[PDB]
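Heads up, the chain below is alone and in the form deposited in one PDB entry; it's given as structure tokens.
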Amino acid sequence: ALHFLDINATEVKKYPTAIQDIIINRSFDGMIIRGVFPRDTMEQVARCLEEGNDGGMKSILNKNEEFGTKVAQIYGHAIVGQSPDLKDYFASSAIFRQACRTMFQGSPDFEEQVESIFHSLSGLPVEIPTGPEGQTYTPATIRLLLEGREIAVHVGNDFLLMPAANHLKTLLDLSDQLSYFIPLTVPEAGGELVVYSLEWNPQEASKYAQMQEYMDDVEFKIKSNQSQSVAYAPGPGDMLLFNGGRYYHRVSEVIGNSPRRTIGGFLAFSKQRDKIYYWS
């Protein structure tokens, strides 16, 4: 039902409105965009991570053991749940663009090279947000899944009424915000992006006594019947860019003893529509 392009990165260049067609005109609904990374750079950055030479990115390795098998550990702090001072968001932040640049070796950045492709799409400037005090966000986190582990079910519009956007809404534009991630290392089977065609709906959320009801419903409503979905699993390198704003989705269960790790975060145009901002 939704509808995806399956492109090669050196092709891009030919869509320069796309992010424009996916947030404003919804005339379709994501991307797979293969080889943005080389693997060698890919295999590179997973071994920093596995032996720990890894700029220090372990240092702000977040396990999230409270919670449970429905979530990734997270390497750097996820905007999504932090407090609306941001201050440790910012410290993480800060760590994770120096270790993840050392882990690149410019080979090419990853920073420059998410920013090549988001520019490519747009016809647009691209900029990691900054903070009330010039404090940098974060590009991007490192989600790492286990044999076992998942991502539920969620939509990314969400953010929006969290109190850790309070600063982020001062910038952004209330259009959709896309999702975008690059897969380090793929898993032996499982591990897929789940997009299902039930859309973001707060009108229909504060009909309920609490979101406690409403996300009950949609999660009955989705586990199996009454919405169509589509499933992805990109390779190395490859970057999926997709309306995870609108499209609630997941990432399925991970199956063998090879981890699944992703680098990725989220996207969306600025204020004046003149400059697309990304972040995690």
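Numbering follows the first chain given and starts at 1. Here, rigid core means the biggest group of C-alpha atoms that superpose within 1.5 Å across both forms. What changes on going to the form deposited in another entry:
- Annotation: the position in 53, 69, 59, 212 displaced by at least 2 Å at CA between these two forms, with the core superposed, corresponds to 212.
- Relative to the superposed core, residue 27 undergoes a C-alpha shift smaller than 2 Å between these two forms.
- Fitting the two forms on the rigid core leaves the C-alpha of residue 223 displaced by at least 2 angstroms between these two forms.
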Second form
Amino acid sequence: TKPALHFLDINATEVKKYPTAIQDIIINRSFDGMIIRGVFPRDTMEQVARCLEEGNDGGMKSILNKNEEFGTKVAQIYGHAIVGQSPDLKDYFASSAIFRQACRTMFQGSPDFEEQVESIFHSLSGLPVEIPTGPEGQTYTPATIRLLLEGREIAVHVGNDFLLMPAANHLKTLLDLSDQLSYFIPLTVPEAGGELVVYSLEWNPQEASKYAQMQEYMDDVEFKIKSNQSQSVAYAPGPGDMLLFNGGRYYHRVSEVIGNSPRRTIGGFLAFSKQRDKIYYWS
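What's the form deposited in another entry like, now that we've got the form deposited in one PDB entry?
This part shows the chain on its own.
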């Protein structure tokens, strides 16, 4: 045989059968991700989406970044994502406070967003699960909400590029130097498009160094991901399903949304503490 990408497809009721799934993806590399059906009920997802559409959102609209100047290959985002922020994190910590309050209000404890996701991550690892805190106790955000309208996409990228950004300076003191995972849950799905695609092409600073400009390297990534060479797997999770996968290691993208229903997702990242005795999750 020739090595392939491997993913599980399970129901949320079965997570306790995989008590070392996170270690198996990050450390052992025995598989690459999983889709977990029905982490949240469909009626909870619909309620949250309606809050955002109608504006009774607990203040969430006050931290919507429309990104209007950055082209069609970016989403709009509720909350500041830590990627790209200044290393002091002052703006990020303020938006993170607002995000946690607004999210808890919208979910009405039925079930609570943080409580439910932490339960999943604990069942797949056996470890305690925490949202990190800054050097003076400021909370990170557990998640951000990505909003993709008709004609918009999420350009191909890879998670371990975060380790090369000034915004990661403080988190680097808390995390093990292994792969970060990606997680997300759809609140609303589109008529067509909006598919997550994971490629076998990996993060590779050594290959990037063969190019005088990063924009030349990314032109070659775009060539490679459309060839018969790289493998690819595609998912279109329903509302309330979680996708959990090694986005730190593998290039991935979200295809252009088609139709009049927006794609809305809530999600972030997770990684090991330096002693591999705790899981941290954030966006």
